[PDB]
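Just the one chain here, the form deposited without the partner chain, laid out as structure tokens.
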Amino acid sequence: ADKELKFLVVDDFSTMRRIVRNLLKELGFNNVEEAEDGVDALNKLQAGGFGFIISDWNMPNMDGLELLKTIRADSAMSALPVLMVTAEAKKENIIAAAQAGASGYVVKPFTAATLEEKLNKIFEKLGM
């Protein structure tokens, strides 16, 4: 993976976005932009050049699953890796997200080591 890959961190909590941005930084990924909910993220992804999405499952207006489904249906972005973040793993949640095309899932709070493993896994799975 290019350390310059442009990440989009999506969450309605500012502080969780700042945590994620800081974890990424710690791994050498400094190209990060933020969005507050699903529609805000889609507005931003329009501009182009993003290479990886980290989205929270639970967001108002357009939740994680809906944003993932919109990204997967879009011819120009359908291959973008999407890591879903949740506060609690639920079997039906994991299945719905996988079937909708999620690249992986992580339960918060998490550390840099955990995030690193998740990223490495996705890059491995996608051959990046």
Given for the second form:
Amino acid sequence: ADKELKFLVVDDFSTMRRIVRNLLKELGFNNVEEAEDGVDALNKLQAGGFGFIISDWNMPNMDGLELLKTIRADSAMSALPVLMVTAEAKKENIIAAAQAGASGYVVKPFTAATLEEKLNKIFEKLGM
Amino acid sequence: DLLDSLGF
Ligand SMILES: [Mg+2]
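Can I get the form deposited with the partner chain bound as well, since the one above is the form deposited without the partner chain?
The complete assembly is shown below, putting the previous chain first.
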């Protein structure tokens, strides 16, 4: 998929944000912005431009699940790719995230190799 | 079994 694509990395922890950010750089994706919760995320999303969301699951204010749901209910943002990040591959989550239209799923901690999979998977499902 | 079926 196109390299100039604009990412939004959403996580309450800045280290996780910086990890994901650098992993994306490694795979040749340099256009990344950050947010610390769902509300922060939504606020930046409404500036337009973004083509992919990587979101943490557990966040005060508005967790990733609520965020994803808001994106899907949003007329302009409904189709946006959203990869959900979680600390546990709990069956219930994977379902929850599926129900809500999560494009993909990943457990932290995760390697660059692992991220390349998930992104590519997403890209081939949607035609990016 | 779940992850796969879902395209995850
Ligand atoms: Mg968190």
